[PDB]
Amino acid sequence: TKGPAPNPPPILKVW
Amino acid sequence: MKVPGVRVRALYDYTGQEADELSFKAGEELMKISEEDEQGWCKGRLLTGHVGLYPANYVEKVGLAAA
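Which chain is which? The protein sequence lines are B and A, in order. Numbered by the authors' numbering, the letters in the first sequence go through residues 101 to 115 in order. Numbered by the authors' numbering, the letters in the second sequence go through residues 1 to 67 in order.
Only chain B is shown next, with the shape it has when bound in the complex:
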């Protein structure tokens, strides 16, 4: 990729 993203996402998934 271009650069190492802020990934993984912060929240809003597992509920």
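Everything labelled a hint here was simulated from the structure, so no lab data went into it. Just to be clear, a hint being listed does not mean it is correct.
Stretch by stretch, here's where chain B covers chain A in the computed footprint (C-beta under 8 Å, at least three residues) [stated by the list, open to error]:
1) 34-42
2) 46-59
20 Å max Cα-Cα, derived PhoX-like pairs, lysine-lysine [unchecked claim]:
3) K61(A) x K113(B)
4) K2(A) x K25(A)
5) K102(B) x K43(A)
For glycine and all other residues, C-beta sits at the position ideal for the given N, C-alpha and C.
Based on these hints, arrange chain A on the given structure of chain B.
The following block gives chain A in isolation, referenced to the frame of chain B:
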């Protein structure tokens, strides 16, 4: 018409990872124009015409229901 803008909205307020990435606000709308990368990076255009990469992992569609 082969790849129209894909309307997505950010779930949080983040501003890229470097100076070559886009900046969005929580609830702001952006139009992706390119595909996703292995890092979940997506290239798109803001409604102001700004270009860059945006973290795909921080946004979701705001088009229609999931079905």
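Against the structure, the hints come out as follows:
Judged by the Cβ-Cβ criterion of 8 Å, the region 34-42 of chain A is covered by chain B as claimed, because 5 of its residues qualify and three suffice. Here's how the region 46-59 of chain A fares: 4 of its residues keep a CB closer than 8 Å to some CB of chain B, so the rule of at least three is met and the hint holds. Between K61(A) and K113(B) the alpha-carbon distance is near 15 Å, which keeps this suggested pair within the 20 Å criterion. With a C-alpha separation of about 28 Å, the suggested pair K2(A) and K25(A) falls outside the 20 Å cut-off, and the hint is violated.
Between the alpha carbons of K102(B) and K43(A) the distance comes to roughly 11 Å, so the proposed pair stays at or under 20 Å and holds.
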